[PDB]
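Just one chain follows, in the form solved without its partner chain, and it is written as structure tokens.
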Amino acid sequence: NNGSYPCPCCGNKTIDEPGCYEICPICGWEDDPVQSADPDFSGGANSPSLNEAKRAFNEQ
């Protein structure tokens, strides 16, 4: 669905409240506040870090 905040990974506005573990229906990123705080931290709610996930999404 449309939301009001950008997904940290894909940038599409699918998020209602940042840092509340919403899962993006476009790219699959789970909005874990740890992983937006540290974009190089792997193994949070998502296996990839945010930076890893961003690159993976873009290369599709």
Second form
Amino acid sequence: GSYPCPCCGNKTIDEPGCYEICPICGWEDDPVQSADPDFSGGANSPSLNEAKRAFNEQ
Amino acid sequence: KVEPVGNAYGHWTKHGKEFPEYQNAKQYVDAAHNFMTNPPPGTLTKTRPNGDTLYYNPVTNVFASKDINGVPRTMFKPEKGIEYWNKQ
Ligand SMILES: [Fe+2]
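Having seen the form solved without its partner chain, I'd like the form solved in complex with its partner chain now, please.
Once more the chain from above appears, this time first in line as the rest of the complex follows.
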């Protein structure tokens, strides 16, 4: 529980890049999608940048 | 390390629609374990720096990963298919 979620930035991740699902924003911590934030269609349907944009409105 | 029952239920909520042959999170986790223990022909594998193993079968489009002790991390069907695999 002490790494930032790559989407919402809150400290919810235990092992980074190991597909944990953030309980705040729902982002699955996929390392392909954090290494390429415009890549949609990995563990998450949206890209990381799409998910951050949506979450920051929420 | 994330609590395993919550990890399994969270992944089933997120990815269950991709596996309509399964009805509950236990069947989903069983299937992920079975996939990585008895990988069907054509299942490709990679190792990550922390000892996790990754699995991907292009025929079924099923990706899964487990830690060095066999505890599953995730199982899903990437929309990008093999392109997702070739990115790692
Ligand atoms: Fe998050």
